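For this depiction, one protein chain was excluded, whereas all remaining protein chains were kept in their positions.
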Amino acid sequence: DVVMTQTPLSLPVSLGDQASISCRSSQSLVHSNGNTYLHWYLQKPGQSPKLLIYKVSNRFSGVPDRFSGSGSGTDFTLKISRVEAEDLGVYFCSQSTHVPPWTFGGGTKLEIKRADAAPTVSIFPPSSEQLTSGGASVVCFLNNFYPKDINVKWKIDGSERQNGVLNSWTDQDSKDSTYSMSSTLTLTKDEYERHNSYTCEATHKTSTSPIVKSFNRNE
Amino acid sequence: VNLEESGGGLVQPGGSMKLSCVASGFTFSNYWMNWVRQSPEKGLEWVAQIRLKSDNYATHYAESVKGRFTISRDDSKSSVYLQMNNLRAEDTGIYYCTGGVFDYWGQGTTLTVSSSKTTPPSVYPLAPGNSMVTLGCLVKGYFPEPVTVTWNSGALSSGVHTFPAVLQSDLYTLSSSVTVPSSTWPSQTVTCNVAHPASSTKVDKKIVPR
Partner (left out) sequence: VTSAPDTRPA
């Protein structure tokens, strides 16, 4: 089995700059026929992989001219010049020379370096339907921010609550190179109906002051 | 080029499942066809290969699936199939149909092997307690993955964010948001459509003001 190794795990590049992604093999990928069967793929968020470059350096159908592949033996590089936001995703390499099995690298995430952007924050109380089932989720959306690092505190009637908080980040958005995150505080209806003020506070690099949104059960 | 997979969902340990794939846009009968699965634990893993008529339909299997999986093809239907017996927890993941190694990929279907019962989602509308308004759908309590979310049956997309699911106390939760002009809501309705293939359930929840 040929082991394929990919570095870095994540790569930050400004739009219009050039990105370089590395792929190593445990053995030379030169085939008896003199060809080298090393291929590159792009898996955009929420899509399947798509073939970009085959046999080290050949662009596949529909692949723009800013993608180029190089390398030899055990050491290969994909270069993305003049990077566009739509190039973000996970890049994989695979080998077809020493098979079976056909094997894959572990993937490299291309991260676009964009200008700092503060999150747009929205808070949502529990729906009536959820309350009748005995549950009570308060949801906070922190949309279109950059960089990915962010901290969310929940406060109930002034005191921070940590138990019951579920956070989930999107991948980078190709439209504007931002991230978005959902923070959900799930209580039982029983505890929810014993408190009045629910607040999500977002702390992000773009301001020393947190962005605060708040819902009061006295609606 | 399009490859569309079907089958999957929740299978009990030891059980069986057949995945299918229909392809268009390339000369199917002259391509080796393959299944590849994707999981957090193993990454992308080639599973099985079927070759051509010329090759007498020769096959190769990954070590982890040999003797339990059977790949086959139907050149008259431009289709490839993966029959799976004695499934294990480790077989869980996203399965892609592919042409070549790997020229063309399908969109993927998901297989989960666990002794659990399938549970469809509860879908809860998120309405607020500027010139834009953000609305959402909270999808709780389902198993297995995945659900897909659209808004207005896919007619709204520019302002959509859908967040990856998180597994808590043996059940998945995810949320989706949409941001639309405030002048246009509620006068022009906004609905989230949540599909859960594994339980054969879709829920359409219109977001109405509180």
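A and B are the chain letters, set down in written order, and residue numbers restart from 1 in every chain.
The rule we apply is simple: a contact is a pair of C-beta atoms (placed from the backbone, for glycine too) under 8 Å apart; a residue touches a chain by one contact, two chains touch by 3 or more.
> According to the contact rule at the top, which chains on display are touched by the left-out chain?
So, spelled out: the chain left out of view touches A, B.
> Out of A:37, A:154 or A:215, which residue would touch the omitted chain in the full complex?
Answering carefully, the residue with contact to the hidden chain is A:37.
> Which of A:96, A:144, A:184 or A:186 sits in contact with the chain that's absent?
Only one of A:96, A:144, A:184 or A:186 touches the chain omitted from view, namely A:96.
> Of the listed residues B:101, B:135 or B:194, which contacts the missing chain in the full complex?
For the chain that is not drawn, the touching residue is B:101.
> Since one chain isn't shown, list which residues of chain A touch it in the complete complex.
For chain A, the residues touching the absent chain are 31-33, 35, 37, 39, 51, 54-55, 58, 60, 94, 96-97, 99.
> Tell me, which residues in chain B touch the chain that this view leaves out?
Output for chain B: 32, 100-103.
Quick note on the criterion: only the chains that are shown with their structure count from here on.
> Across the complex, what residues on chain A touch chain B?
Contact set of chain A toward chain B: 39, 41, 47-51, 54, 60, 92, 94, 96, 99-104, 106-107, 120, 122-127, 129-130, 133, 135, 137, 139, 141, 143, 166-170, 173, 180-182, 184, 186, 215-216, 219.
> Can you check the complex and tell me which residues of chain B touch chain A?
Within the complex, chain B touches chain A at residues 34, 43-46, 49, 60-63, 96, 100-108, 122, 124-129, 134, 136, 138, 140, 161-166, 168, 173-175, 177, 179, 210.
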